[PDB]
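The complex appears here without one of its protein chains, the remainder shown in place.
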Amino acid sequence: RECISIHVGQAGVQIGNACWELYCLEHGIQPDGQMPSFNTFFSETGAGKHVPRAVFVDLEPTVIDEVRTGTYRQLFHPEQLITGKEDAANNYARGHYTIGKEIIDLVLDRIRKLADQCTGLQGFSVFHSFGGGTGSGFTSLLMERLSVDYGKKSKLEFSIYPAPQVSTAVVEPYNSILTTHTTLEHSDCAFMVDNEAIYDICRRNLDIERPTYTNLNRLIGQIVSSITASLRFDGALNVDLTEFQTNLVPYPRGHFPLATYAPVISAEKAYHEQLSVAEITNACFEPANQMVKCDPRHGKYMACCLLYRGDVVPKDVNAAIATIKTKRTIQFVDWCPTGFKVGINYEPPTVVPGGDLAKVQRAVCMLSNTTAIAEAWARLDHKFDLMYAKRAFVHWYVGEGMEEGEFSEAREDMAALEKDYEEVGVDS
Amino acid sequence: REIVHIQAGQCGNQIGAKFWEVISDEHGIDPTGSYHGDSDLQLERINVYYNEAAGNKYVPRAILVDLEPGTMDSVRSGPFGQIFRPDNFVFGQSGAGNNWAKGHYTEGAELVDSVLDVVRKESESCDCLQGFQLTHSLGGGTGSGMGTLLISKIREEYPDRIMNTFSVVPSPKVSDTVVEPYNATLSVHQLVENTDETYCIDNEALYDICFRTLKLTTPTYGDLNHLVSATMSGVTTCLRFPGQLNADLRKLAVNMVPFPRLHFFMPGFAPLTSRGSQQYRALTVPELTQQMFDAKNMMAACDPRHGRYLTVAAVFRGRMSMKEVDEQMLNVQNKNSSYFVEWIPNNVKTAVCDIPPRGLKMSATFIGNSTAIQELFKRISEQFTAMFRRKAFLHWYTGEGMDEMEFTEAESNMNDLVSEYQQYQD
Partner (left out) sequence: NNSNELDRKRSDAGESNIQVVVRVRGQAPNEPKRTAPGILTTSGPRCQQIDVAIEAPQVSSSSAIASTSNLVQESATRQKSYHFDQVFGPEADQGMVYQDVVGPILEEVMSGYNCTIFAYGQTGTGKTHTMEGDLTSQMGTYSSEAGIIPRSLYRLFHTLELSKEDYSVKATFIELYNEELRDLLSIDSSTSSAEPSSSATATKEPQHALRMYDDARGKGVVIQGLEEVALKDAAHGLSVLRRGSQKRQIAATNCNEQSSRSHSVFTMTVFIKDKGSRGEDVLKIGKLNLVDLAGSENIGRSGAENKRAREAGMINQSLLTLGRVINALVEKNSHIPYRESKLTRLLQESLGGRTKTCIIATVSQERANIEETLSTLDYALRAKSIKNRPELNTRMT
């Protein structure tokens, strides 16, 4: 009944710095391990000074030396503090094959140190990127090996997705095409998070034009604390991750949900507002709070899972269930009859010390499905197609053995995958 | 993880001499050998340039190559020369005549193994080799001759390391020699096929930059190079120091090089302003991106607005905010989309370091690649054709005896070199 974290790449390591800070805030945990009364991400020492069940992967020495010399360094154990010699330097080819074969036998060894400790392991999550070569290559190697090692667990991926307008490196579409096709081959569930619409939340819900990668991920980190950390706790109708396998995803490969978070309240907006149930349920169906550049009106709704926080009465929700069914402009699918899975737990979300959001009595992490992402799938693909036409930036990965037959493979079957979102509302 | 430095030439030895003056200022460094910094990042990532033994000294990873005594004598006689140790100064007592056909060919050959062993003295003692930094000339012979012969050997020693060099483009405006279009054109024959990259810095713009855009009086070699020395140190900051978007030099080698022959680049410094203009200016993210578009702040004498940008690196220094950073970068992309290339959608690569250099609170480093950097080549190549018709002063090199089959081919190198920007220019 436990769960593991994995931090791959410069993106995925920095995600957990706010996530585990919230997880220390889940139980009042100081940098020693002080907590009363819980084992999901936790092993326990003799002193009761609990340790995370996390995996640190850095081919640089750089990013972990921020962590294991800064704060919260005593909670992480040098069992977990697994760094490397040299980065792939945004190379999918070196992150997968060349530099990836160097530290992989140490990290898999730490799994047998820790997955042996798990009393009935539920699964794990993987934190990585789509653009960085550590977060793309090492993800492509490890997830295939974990399918060999644990083919009967949960393979979650909370994967940052690049904007088709705001990008930081050139080969970011050139990375994720080769990455995700082998990821669709193996992974259980993969998310997409775009900082494009997170900036839209920073300016229209947070109303602040000055973000850091902390506050761009504390928003993401507050989701994951509501995704899984509440599932050990008991509310009205508690859910676990096994109630999403054939349930959330009605097919073997449709496993790409869309996560929203409705109450995003700057601290002054506690008084031009009076929160209720039906307000934030309507706030879940804004195209301006999708957290990814997408518009659900042009797509459909195959599923909609309402995962709640705090003081929630279901009879009040049954109004808000029946509300948006009546207030729809959604073009609901033909194949799902009505299935809108209800998740109501007890705990309100927690206030980040030094954060931006306000103390709300209730919070929704809504997982939905659409073909609006199938457009936003193809938008980064059109960035990828023009580089292959000129055959630019091609000498870095052929020199580590990545063939052009992969690019007719990975792109065209990703383009074939985008055609399979269209196959939702065809036969009726 | 460690970066090796080589210096050559009457300029590049002094250009490098100004550079470690900056790096000593970077970390709180005594000339004698004691630590006087206070930042932990000065102390935590020592190993990128530095070497340690016993003796309470600062002992360099600096191998310095010359054939003149009095150049590096005056380096040693001046300050930041006693910051070296005399286990490094490998040189000869023979005038090269400022000739490419001697330092590459005859007189440098008497000094090859006395340098490459000292390379092996360092590279075998290095923990993790990552950088082979070279600083030299392309106008004289010690910089051009002795520079190219090392790259024929160190790449043979290390085929899988990073070969960067800071090669000074000659200026048609201000010079004293005559055979200046020989030291460049013949160095091109080796810098293309054996270096992973090189920069293209010309004094011809630098006389305009310090005088006009910085409001100074006389462009001095102590300050024309001081402008270069800050842009030298700005390259590998995210390698050295922590950043949100830590970009490797190999990442900089990946994303700025779509084709492995177009590895010619141009630096750019973002607060290029005078002294009195501080009280007439606030310093912002649009203020730093303002000089991305400026033609005069291009340190090579090239109009960026003539050609079109191939790739652009934005290397930032300071506590910034990304939505301000990314959108202002996006605003410039929306402003001058005609000055870019189409098949690269993300025309500008960002790179954010978390610490600005001291004295500044916001700083950045423009590193662009445009289709008008080829212009400085067409100055020297047509000169090189004019030197070939009369074969004027060929009686300094005919005794050396470098072939015409070399010299037709260095132009044939140059003809294929320039004209392929213009495939993808328009």
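Letters A and B mark the chains in the order given here, with residues in each chain numbered from 1 onward.
Convention: a contact is a pair of C-beta atoms (placed from the backbone, for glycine too) under 8 Å apart; a residue touches a chain by one contact, two chains touch by 3 or more.
Counting contacts over the entire complex, the absent chain touches A, B. From the set B:120, B:261 or B:358, the residue in touch with the chain omitted from the display is B:261, counting the whole complex. Of the options A:47, A:148, A:416 or A:426, the residue whose C-beta touches the omitted chain is A:416.
Of the listed positions B:287, B:294, B:400 or B:409, the one in contact with the omitted chain in the full complex is B:409.
The chain not displayed touches subunit B at residues 159-160, 192, 259-261, 405-406, 408-409, 412-413, 416, 419-420, 423. Mapped onto subunit A, the footprint of the missing chain covers residues 96-98, 184, 251-254, 391, 394-395, 398-401, 403-406, 408-409, 412-413, 416-417, 419-420, 423.
Rule of thumb we're sticking to: only the chains that are shown with their structure count from here on.
Computed centre separation for the pair subunit A/subunit B is 42 angstrom, with centres defined by C-alpha atoms.
Taken together, the subunit A residues at the contact with subunit B in this complex read 10, 60-63, 65-66, 69, 85-87, 89-91, 164-173, 195, 199, 202-203, 209-213, 216, 383, 386-387, 389-390, 392-393, 395-396.
Interface residues of subunit B, counted against subunit A in their complex, comprise 1, 44, 128, 130, 242, 244-248, 250-251, 253-255, 257-260, 311, 321-324, 326-327, 330, 342-346, 349-350.
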